[PDB]
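Participant: The residues making up each chain are set out below.
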Amino acid sequence: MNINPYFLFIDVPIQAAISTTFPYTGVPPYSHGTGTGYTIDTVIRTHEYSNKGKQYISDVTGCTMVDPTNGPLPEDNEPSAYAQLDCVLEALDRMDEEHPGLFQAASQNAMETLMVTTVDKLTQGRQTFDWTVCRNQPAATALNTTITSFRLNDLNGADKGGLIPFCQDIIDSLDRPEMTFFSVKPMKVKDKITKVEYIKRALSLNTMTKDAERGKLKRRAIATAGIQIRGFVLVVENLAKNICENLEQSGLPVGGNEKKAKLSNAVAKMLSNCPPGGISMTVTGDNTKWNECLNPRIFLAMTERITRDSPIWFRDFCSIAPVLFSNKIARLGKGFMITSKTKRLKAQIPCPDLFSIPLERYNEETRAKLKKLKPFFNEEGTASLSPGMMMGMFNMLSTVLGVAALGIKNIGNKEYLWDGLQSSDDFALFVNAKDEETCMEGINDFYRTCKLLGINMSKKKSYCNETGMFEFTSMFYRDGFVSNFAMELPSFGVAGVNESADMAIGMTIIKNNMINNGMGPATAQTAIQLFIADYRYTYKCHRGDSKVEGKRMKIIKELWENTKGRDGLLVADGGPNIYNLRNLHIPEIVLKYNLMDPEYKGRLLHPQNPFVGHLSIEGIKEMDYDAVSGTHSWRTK
Amino acid sequence: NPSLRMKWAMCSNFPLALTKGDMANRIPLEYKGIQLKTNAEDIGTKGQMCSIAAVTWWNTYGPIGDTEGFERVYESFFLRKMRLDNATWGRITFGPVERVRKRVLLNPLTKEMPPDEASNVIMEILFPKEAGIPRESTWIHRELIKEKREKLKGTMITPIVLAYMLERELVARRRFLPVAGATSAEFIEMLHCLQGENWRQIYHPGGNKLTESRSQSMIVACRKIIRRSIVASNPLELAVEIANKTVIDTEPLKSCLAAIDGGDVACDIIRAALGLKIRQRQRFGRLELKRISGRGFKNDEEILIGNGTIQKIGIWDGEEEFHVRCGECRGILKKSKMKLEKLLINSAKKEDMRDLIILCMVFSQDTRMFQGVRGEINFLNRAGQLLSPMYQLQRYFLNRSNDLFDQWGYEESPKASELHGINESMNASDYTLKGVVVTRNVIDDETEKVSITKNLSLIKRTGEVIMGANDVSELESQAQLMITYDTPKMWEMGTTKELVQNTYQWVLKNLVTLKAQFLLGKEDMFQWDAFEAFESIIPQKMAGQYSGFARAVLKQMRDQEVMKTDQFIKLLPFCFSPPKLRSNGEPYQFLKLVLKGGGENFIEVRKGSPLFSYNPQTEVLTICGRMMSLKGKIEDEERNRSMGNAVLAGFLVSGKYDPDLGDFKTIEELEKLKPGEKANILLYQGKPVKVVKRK
Amino acid sequence: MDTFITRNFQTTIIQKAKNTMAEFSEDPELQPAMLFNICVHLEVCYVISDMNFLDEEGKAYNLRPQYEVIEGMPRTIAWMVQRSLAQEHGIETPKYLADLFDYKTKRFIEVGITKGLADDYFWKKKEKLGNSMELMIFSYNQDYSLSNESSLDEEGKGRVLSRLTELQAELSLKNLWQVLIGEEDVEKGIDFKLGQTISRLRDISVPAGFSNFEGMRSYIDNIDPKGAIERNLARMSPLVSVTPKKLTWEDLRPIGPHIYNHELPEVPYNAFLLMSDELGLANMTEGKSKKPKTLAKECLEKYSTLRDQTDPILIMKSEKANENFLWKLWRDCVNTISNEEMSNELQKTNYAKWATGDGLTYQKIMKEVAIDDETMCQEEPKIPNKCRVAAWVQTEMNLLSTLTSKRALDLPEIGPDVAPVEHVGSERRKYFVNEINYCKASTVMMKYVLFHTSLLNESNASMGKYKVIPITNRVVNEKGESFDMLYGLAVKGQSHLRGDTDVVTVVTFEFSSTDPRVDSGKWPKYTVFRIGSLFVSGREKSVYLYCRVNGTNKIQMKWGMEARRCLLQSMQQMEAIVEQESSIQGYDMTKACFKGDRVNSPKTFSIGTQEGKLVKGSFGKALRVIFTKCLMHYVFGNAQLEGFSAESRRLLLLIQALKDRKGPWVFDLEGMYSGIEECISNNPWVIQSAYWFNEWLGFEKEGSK
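Chains as they are written, first to last, in the UniProt record's numbering: chain L, 1 to 185, 205 to 641, 654 to 668; chain E, 44 to 488, 493 to 742; chain S, 1 to 61, 72 to 715.
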């Protein structure tokens with residue numbers, strides 16, 4: 001007899017057991033070496049979908065600019081970024097008609113939020129491309145460095161505290177003939212650059228291979244932007260989020276229970292609205308080259324139309340971000356490694372010296388890549404990337420565009436209606452008609468409409484089936500029963516601060532993963548068991564009666580023998596594990612307090628214990656946690 | 044990597060930052076060859092580094108510092124733990140649950156404050172001298188300030204911890220979480236256990252130290268009595284025996300039941316079983332009826348349910364009026380053949396009236412209720428017997444309320460001023476459930496003797512059933528007082544540790560009788576109720592093998608006089624279950640017997656376990672950490688013979704450790720041995736022995 | 001302060017202000033400050049419109075007032091009604107929010123409640139707005155500024171002044187005036203002028219066909235693009251089509267047919283440690299978890315015969331393996347582990363240097379030197395080889411899912427269960443562990459995790475030293491006896507791991523009982539000697555030493571430390587099924603799921619094939635199989651498996667749709683098939699998954715009839 005795991009699906013629906021097909025126990029793929037190859041591939045692909053557009057030379061930076069919008073309509077099924085402005089405006093106007101006053105209300109809301117916003121908000125972001133050193137650094141560090149640099153050049157807008165003066169200083173910096181900044185060469208130094216170089220650096224992008232991405236055989240590159248545009252992208256995203264919140268078909272921003280509720284409600288609404296005797300079909304789609312095909316100029320037009328009835332200054336403020344993105348420049352990374360096997364020698368060619376050697380010495384793939392990149396290359400090692408949205412960062416605005424595309428609902432008064440849900444690069448399109456052939460006709464019309472707006476539905480990865488079952492952002496729906504949001508369950512290991520706050524963090528993460536993400540009771544209890552095992556192994560504080568031997572474990576055993584009331588002991592001191600689903604949120608020390616005897620309880624709760632020492636407001640709370660300032664709140668060396 | 048960063052700190056001589064002064068030097072430089080602190084001449088920081096095991100030394104021999112007022116400092120956590128402790132747990136239901144994202148104030152607060160106002164008040168509480176310029180929130184919030192001054196006075200804890208806890212109890216911490224019908228602040232802290240994505244759990248946080256301690260204790264006691272009785276055959280005798288041999292920490296349960304006219308159903312059932320006075324009223328679960336007018340007849344016939352199944356039911360036909368009540372909310376019900384004529388209720392907690400109305404619906408046997416069933420209705424009971432159809436519908440619709448509300452249909456509410464409708468969520472509206480109306484003129488709410500039958504059902508003098516064994520509410524809770532019981536049959540309620548302690552105490556106390564009966568050589572000494580209770584914690588798969596091994600070892604012990612009290616006591620409890628020998632006909636063999644719960648829950652057959660240990664030097668029996676003396680039943684020859692002849696079946700000692708014969712032999716080969724062959728075994732580290740198989 | 005807010009303002013005002021805040025999304029508790037202001041604003045905008053009404057002809061004093079409030083109501087409704095009035099009355103619509111509208115002058119009112127001087131605040135509001143609205147500024151210092159003469163008479167002005175009379179002092183007397191924030195602060199930033207350089211950037215950032223940004227703005231603001239979508243679609247080429255195609259069982263051809271081609275070499279064994287062929291030397295212990303070196307020393311002492319072997323028979327040699335060096339390294343390992351020294355370090359000798367690959371990395375030189383040189387060229391990347399199905403993977407799956415008389419898991423304890431939820435959780439864990447713990451896969455996973463933990467510790471702490479790391483495990487049989495299992499020994503090379511992907515070489519010598527010559531294709535990577543024989547079941551079974559050189563990085567070791575997560579993936583999975591059968595029944599189905607009951611029979615799952623016939627196993631068997639599948643996902647996980655799973659999920663969903671008779675359609679089936687197939691290169695699990703997918707697809711096709 002030969003076992004066959006897939007035979008399980010014979011007796012159980014695939015959706016019910018979809019978790020079996022997710023290999024999340026394996027080591028996620030990781031990229032080795034340079035990311036320049038993938039960045040060049042992204043640049044080439046972005047320029048390929050738009051080469052038929054208008055090509056010119058920028059008069060501010062001297063880069064090569066490719067503009068596909070208002071270009072010739074596509075004639076094949078390949079990805080097309082030749083979006084038409086008129087159609088985008090029509091879609092936005094229709095969405096306005098379906099949502100009267102929504103655009104201006106959202107613009108006002110975002111504008112007032114931007115008034116009240118302060119510069120410190122910029123510190124809430126993730127890694128950002130600091131230009132003073134040209135590297136990815138924490139948002140706070142980049143903000144501090146840029147503020148100091150602006151101080152050196154008589155730009156003291158950030159002093160006012162508001163985000164408006166900071167962004168005003170940002171734009172005015174582009175006007176300075178020369179800029180002085182603090183660099184690291205390691206020691207601190209002052210360095211001066213010219214206006215064009217500063218403009219290029221501000222518009223520049225850092226590129227790196229995405230690591231630990233699941234479900235993708237080949238790696239792909241991702242982009243981090245500078246600190247200059249963070250305010251403008253923030254306000255644009257706030258505006259787009261305000262619009263999305265009021266859009267029924269927007270699969271954002273809430274996640275979890277509201278996600279399943281939205282899926283089910285959309286499905287039910289769609290069934291109910293079906294003409295009698297007709298049919299409803301659902302298309303699970305995936306957008307190929309979603310980032311590449313979208314054009315920043317289309318987003319500029321979107322912002323201009325959204326702020327139709329808003330003050331001129333706010334219109335300019337919204338419009339800045341698309342302008343900078345449309346002129347973005349991409350850094351190509353670390354370069355390429357050339358090796359002679361006979362001599363066992365290797366040498367790294369950085370991006371500026373990419374063409375310093377004849378292309379014959381490169382492999383075929385890199386040879387073709389560089390040959391196609393030549394025109395868009397710059398002497399300093401960066402590439403012009405006027406089209407495309409490599410960094411993303413317009414998830415809300417892109418979602419707005421997708422929803423607007425979904426809002427047409429009909430073409431030429433044909434006998435079919437279509438609606439659905441859109442979230443970033445994923446979507447589900449429901450179509451009702453009299454027969455499946457008409458539904459496919461409507462889906463073809465939707466595909467053409469999406470082509471028209473710069474969105475390319477992927478024919479290889481999308482599919483259609485009678486309404487009732489589908490997939491959306493890893494959420495599988497089948498006759499009401501939504502399977503789950505398949506997410507990488509994390510390592511319930513040692514959080515890594517101290518003895519007590521460690522346990523607090525562990526139990527809090529278990530509770531949150533239970534309450535926000537999908538995890539049932541038995542899974543959570545096994546999670547608690549695994550975390551306690553890892554905790555005891557890491558701190559070598561196994562149970563007092565546990566015959567494991569060790570340096571500290573010897574004194575732990577001595578305590579166990581000495582102890583009279585063993586029920587009230589912390590696992591850090593070899594005590595029994597008491598945590599469960601009920602008492603997940605309560606700190607262990609308070610749980611056991613009633614049980615612990617004074618003989619050891621007094622020592623644990625020593626006011627002037629020699630371990631914790633001087634404390635800080637961050638120390639006890641820093654995510655936040657609950658704990659007791661006992662003997663298990665010590666710090667590092 | 045943060046996680047890895049400290050797995051190597053322990054390898055360091057001193058990874059922690061020691062303080063300076065007396066407490067720095069309280070821990071010695073070294074202790075039993077383990078370093079704790081050091082005298083390192085730092086450059087300019089005067090710093091001192093302390094080890095990791097030093098915390099253990101502080102816990103063991105460290106100075107016993109003053110802990111006064113600690114509970115007051117952490118009042119928030121203590122209140123949280125008391126809310127959890129004083130809570131009561133209801134049923135757990137499986138089905139669709141709809142949760143909505145909301146900003147729901149994760150934790151509670153003594154008084155909600157803005158962060159700056161909270162910081163000001165905190166600065167006042169801890170350091171009035173250093174508060175600086177007087178402020179205004181100091182003026183208005185004088186009451187809380189004064190209370191906290193009165194509370195945190197005299198504590199030696201570091202002021203930073205006091206300030207942090209004050210901020211915790213003052214500064215709000217709001218987050219977006221999913222909630223389904225539980226929005227109170229007390230509920231969010233347990234929201235993780237409240238309900239998942241496919242199930243719901245009923246949670247009732249405790250309030251204050253409620254005065255109804257005795258009633259709350261006897262209710263749960265009687266509920267457990269019923270739960271234990273129902274599963275066992277002939278619940279009558281077992282239930283009455285249990286209720287007669289139960290004491291609420293000072294007095295028998297019967298005296299309390301007579302004294303207080305409390306309880307809902309379980310107390311009534313127990314009172315009838317014991318022959319006491321109970322109130323006269325019909326029950327159908329949480330809802331009680333009191334007929335006022337009309338009469339009906341019971342006819343058995345088949346009906347069709349919405350899900351499409353046929354099952355016989357005894358329906359009641361005829362006009363009837365009932366003074367229906369549920370929990371606290373009162374009302375009146377009109378019932379007829381498959382119709383709900385009219386229903387009147389009062390104002391109360393939303394859940395109380397919801398339970399009331401749904402119970403009326405299910406009891407009414409309205410055709411709409413038959414058609415309001417979608418899922419399977421095969422619910423089971425604790426005993427594993429299929430529930431009666433009416434109780435099956437009751438449970439199904441209690442677990443599923445929206446379906447019946449949707450199916451029933453609505454109508455217009457009356458125009459009377461005091462009469463108004465209610466929606467699915469008990470919201471006043473013109474559209475009201477047909478025959479259901481709210482009212483403001485509250486209706487006002493004496494003992495007799497009732498007989499009992501085998502199935503714990505109350506039947507009146509004429510024979511009508513008044514209380515059913517299925518009406519017991521499944522609201523599990525913890526008694527406020529330390530109740531105690533004497534019967535072995537119910538020892539399974541306590542933890543496996545407690546059960547083992549109780550059974551070992553029982554066997555020890557009457558050891559003389561057990562030995563006297565065992566010397567005779569019958570089998571009725573293995574059927575004691577204590578061993579019946581003990582068999583619960585033994586795993587079923589290995590229970591037969593354990594019992595076979597125990598019987599074989601005891602028989603070998605008796606045949607050849609190597610009688611040892613310790614082993615007899617240890618292995619007697621396992622002899623109940625029927626023997627399960629191997630295909631060869633020889634009993635299984637073991638090194639340690641594992642019980643339910645795993646881990647510590649194991650009894651060692653050779654040396655001793657945490658649940659059972661013996662010290663022959665002092666003749667002390669340590670059961671589960673409790674020490675007893677076995678003087679008067681231990682013989683000197685018993686002290687001589689240590690353990691060699693009572694560990695293995697059909698084997699006896701013949702010599703001492705012989706390395707030439709070989710190393711210690713494992714069970715896998717011991718079972719395969721042939722008569723007339725000598726092997727070597729190990730009792731525990733440093734005490735090897737030699738044994739030989741005997742036919 | 002909220003308790004004070006409630007005093008001066010009724011519940012409706014407070015809730016309207018809180019809702020207006022809700023359209024701002026900053027914690028209302030954080031700063032009631034502006035809340036105060038807005039409610040005050042709202043309040044005045046209501047008092048100006050309390051008793052002032054108009055008649056059907058214009059009488060100043072029926073169902074029409076002379077004013078209409080905008081503030082407080084939802085922003086979308088406010089703006090829609092404002093636009094409605096603007097278009098109805100044919101008046102310029104303000105570009106800012108309107109606070110109040112008049113019915114006599116037909117103009118939009120703006121009101122501002124400031125702290126100090128009013129005239130300067132009035133001029134600042136004019137700067138913000140200009141003349142689009144009439145401004146009514148008030149200030150607690152009895153100050154006022156109204157831009158219209160007959161907007162309101164003295165009665166309303168006096169009434170509002172009186173209403174602010176309390177708040178000018180009432181806050182101070184109860185000590186609240188100090189922390190009162192102004193009203194201009196929330197609108198400090200209004201001025202925003204673009205520089206010349208940014209203006210040019212915006213100018214060149216216009217869509218094609220427009221001269222500059224001004225033209226684009228005029229076009230977007232003025233032209234109505236009705237019919238653009240239909241026109242463009244009409245003039246678009248028909249070639250741009252999705253190409254619908256109804257799916258049928260015939261279209262679903264087997265995936266990756268090349269795996270049936272016998273020319274390609276059968277996929278070889280590549281797992282880090284032996285999984286089913288492992289032979290663990292067992293030593294009986296009753297406690298202390300002694301040191302790994304001490305444990306290995308004792309285990310080898312028990313089997314001195316195998317340990318003392320010095321004349322091996324070379325059975326298999328790998329293509330590029332030095333048999334003498336491997337044997338010398340093994341002897342060095344055994345001697346070092348068997349010595350009295352606590353340290354387990356191996357001297358960096360010639361054979362050790364070769365096995366660890368000492369001094370193999372290419373030297374780095376300056377970029378200029380490489381540029382000048384001609385023979386230096388970028389190496390062609392190595393592509394994974396194509397391989398065909400191998401039976402050893404099927405044997406691994408079959409064997410590791412079979413129950414064994416051992417227990418490797420030793421999970422810790424938890425607090426007693428109280429509530430029903432933890433009761434059901436404990437029941438589920440009881441059943442799942444009772445099933446899993448007695449399976450070979452669990453022991454293999456424990457060996458993997460323990461070895462990876464030890465390897466990571468040694469690599470991080472002994473970067474510059476060669477170390478011998480015994481492959482050890484702790485096991486407990488059903489009878490309570492405890493054994494320590496020694497499966498083999500590992501030599502750790504230099505581990506100067508700086509990057510996450512830095513590779514450290516490990517030489518594994520693992521005991522086994524399988525003769526490699528039985529399945530030659532399974533062992534092209536393994537150098538196998540015959541080290542001895544053992545008496546087990548009445549037969550002298552040969553014991554071989556599989557010697558191999560492998561490599562791992564930090565990421566793989568860290569994930570190996572966390573291999574226990576496999577449990578979770580299995581547990582959750584089965585729990586879901588249990589939950590599902592609870593939904594159908596409404597009560598806990600765990601007992602019925604596992605052991606059944608009088609009502610519901612025990613559940614069964616189609617498990618595999620026997621003589622070409624489908625066979626069914628119990629719930630526990632399916633649990634164990636999915637657990638071994640998770641363990642396999644771990645041991646054979648890499649980019650190929652991720653890609654294959656991601657691409658085949660779509661085909662699985664299409665098959666499910668076909669089963670449900672949901673008439674699924676496809677748009678480009680060949681593309682999906684190519685995406686699936688390009689991931690099947692050399693990963694044994696991926697190849698076997700393709701084979702099983704083909705077989706199960708065939709069975710589903712047979713059933714569909």
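Be a bit skeptical, because a hint or two may be false.
To be verified - Below, simulated BS3-like cross-link-like pairs (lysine-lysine); rule was C-alpha separation at most 25 Å, straight line:
| no. | chain 1 | residue 1 | chain 2 | residue 2 |
| --- | --- | --- | --- | --- |
| 1 | E | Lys588 | S | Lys167 |
| 2 | L | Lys237 | S | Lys392 |
| 3 | S | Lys300 | E | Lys712 |
| 4 | L | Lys573 | E | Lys377 |
| 5 | E | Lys627 | S | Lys605 |
| 6 | E | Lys50 | S | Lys301 |
| 7 | L | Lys390 | S | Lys377 |
| 8 | S | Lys256 | L | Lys428 |
| 9 | S | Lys298 | E | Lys712 |
| 10 | S | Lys377 | L | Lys391 |
| 11 | S | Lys312 | E | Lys588 |
| 12 | S | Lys477 | E | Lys588 |
| 13 | L | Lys428 | S | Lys236 |
| 14 | E | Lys50 | S | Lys298 |
| 15 | S | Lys551 | E | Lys719 |
| 16 | S | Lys626 | L | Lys566 |
Calculated directly from the structure, the hints in this document are not laboratory data.
Participant: Hint by hint, note whether the structure agrees.
Facilitator: Checked hints:
Taking the CA atoms of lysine 588(E) and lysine 167(S), the gap is about 90 Å. The hint is violated against a cut of 25 Å. A distance of roughly 14 Å separates the Cα atoms of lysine 237(L) and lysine 392(S); the hinted pair therefore holds under the 25 Å criterion. For the suggested pair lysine 300(S) and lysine 712(E), the alpha carbons sit about 21 Å apart, so the restraint of at most 25 Å is met. The suggested pairing of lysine 573(L) with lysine 377(E) is violated, with an alpha-carbon distance near 75 Å, which exceeds 25 Å.
Distance check on the hinted pair: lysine 627(E) and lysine 605(S) sit about 21 Å apart at the alpha-carbon level, within 25 Å; holds. Taking the CA atoms of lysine 50(E) and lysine 301(S), the gap is near 17 Å; set against the 25 Å cutoff, the hint holds. For the given pair, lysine 390(L) sits about 21 Å from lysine 377(S) by alpha-carbon distance, which is consistent with the 25 Å threshold. Pair hint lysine 256(S) plus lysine 428(L) holds up; C-alpha atoms about 23 Å apart against a cutoff of 25 Å.
Under the criterion of a C-alpha separation no larger than 25 Å, the hint pairing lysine 298(S) with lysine 712(E) is consistent with the structure, at around 19 Å. In summary, the hint linking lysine 377(S) to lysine 391(L) is supported, as the alpha carbons are separated by about 24 Å, within the 25 Å threshold. The hinted pair formed by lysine 312(S) and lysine 588(E) fails the criterion: a straight-line CA distance of about 34 Å is larger than 25 Å. A C-alpha spacing of about 45 Å is found between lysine 477(S) and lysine 588(E), which places the hinted pair above 25 Å, so the restraint is violated.
About 15 Å separates the Cα atoms of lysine 428(L) and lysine 236(S), which keeps this hinted pair within 25 Å; it holds. Proximity of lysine 50(E) to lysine 298(S) is assessed by CA-CA distance (about 21 Å); at most 25 Å being required, the pair is judged to hold. Taking the CA atoms of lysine 551(S) and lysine 719(E), the gap is near 20 Å; set against the 25 Å cutoff, the hint holds. The hinted pair formed by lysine 626(S) and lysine 566(L) fails the criterion: a straight-line CA distance of about 43 Å is larger than 25 Å.
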